[PDB]
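As a starting point, one isolated chain is supplied in structure tokens, in the form deposited without its partner chain.
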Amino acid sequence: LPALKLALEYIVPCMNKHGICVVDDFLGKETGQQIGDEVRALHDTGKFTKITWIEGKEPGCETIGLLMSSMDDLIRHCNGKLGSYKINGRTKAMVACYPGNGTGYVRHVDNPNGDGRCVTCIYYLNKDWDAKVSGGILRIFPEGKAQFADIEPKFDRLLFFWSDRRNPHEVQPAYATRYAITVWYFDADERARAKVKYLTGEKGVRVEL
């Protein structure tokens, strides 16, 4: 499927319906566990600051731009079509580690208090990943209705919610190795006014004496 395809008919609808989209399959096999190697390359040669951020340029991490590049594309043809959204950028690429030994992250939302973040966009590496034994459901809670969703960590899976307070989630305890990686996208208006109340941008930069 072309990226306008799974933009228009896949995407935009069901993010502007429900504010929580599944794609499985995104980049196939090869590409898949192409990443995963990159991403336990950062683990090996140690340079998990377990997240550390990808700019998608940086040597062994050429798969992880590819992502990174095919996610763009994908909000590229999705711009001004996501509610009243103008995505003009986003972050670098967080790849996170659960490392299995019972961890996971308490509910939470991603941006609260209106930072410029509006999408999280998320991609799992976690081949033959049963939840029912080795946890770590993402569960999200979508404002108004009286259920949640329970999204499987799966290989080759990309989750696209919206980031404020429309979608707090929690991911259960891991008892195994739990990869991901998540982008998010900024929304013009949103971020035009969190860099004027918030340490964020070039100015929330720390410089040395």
Given for the second form:
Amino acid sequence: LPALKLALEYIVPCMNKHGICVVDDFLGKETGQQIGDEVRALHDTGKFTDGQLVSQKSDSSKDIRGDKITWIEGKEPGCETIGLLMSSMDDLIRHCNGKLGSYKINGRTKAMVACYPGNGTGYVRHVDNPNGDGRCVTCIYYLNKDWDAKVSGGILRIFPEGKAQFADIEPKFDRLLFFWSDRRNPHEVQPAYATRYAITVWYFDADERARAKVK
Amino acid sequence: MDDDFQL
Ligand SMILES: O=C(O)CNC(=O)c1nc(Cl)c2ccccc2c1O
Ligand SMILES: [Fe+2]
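Just the form deposited without its partner chain so far, so send over the form deposited with its partner chain bound.
Full assembly next; the chain just shown is listed first.
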């Protein structure tokens, strides 16, 4: 679908309504598969960190590390398609100008590529931006082929604030996700038993960001 | 803080 249509008939209304929006088959197999390869190349070439220190005790030969990350600008060699994904996310947001709440998005962060190694680690329940640092919208692109949460875990569980239930989103291949970055969406990544990749980009609201250093 | 890119 053309971005503007995807944005106007789906993204905008879903976001203002639920604060969470899922888009399957965002770029298609050929482009989605290439992004997967570039991401996997960065991993195999050691561009990723060693992983978040989960269990830090006494004999550090058995320290347990979880999610590994690397910041991508999109212009790095061997990251062209990743750069293409970022431009595609930008166009959608751009088309949502002045319709996502009363926000006015003027910029974004670099892409944060994450790899949960599959050693049973996940990510504790958290709020992406709990202290008004400017990030209003979180955007995640998943690239995991035939991911079966029933055996591999790695579900993204979001607990919408004005709700008793929670939303379970599987890190499926070619899936694009949007959700308010603040207190409205506390979320967590359930333990992953298989290598799990995702690419995150946060969009900034001009006003929240502008006063971030003086509020 | 986080680096900001103009889209
Ligand atoms: O990947 C997912 O489905 C959900 N991920 C997150 O919510 C998430 N959030 C933050 Cl703030 C970080 C922060 C650092 C590294 C990974 C993160 C992560 O995967
Ligand atoms: Fe998060």
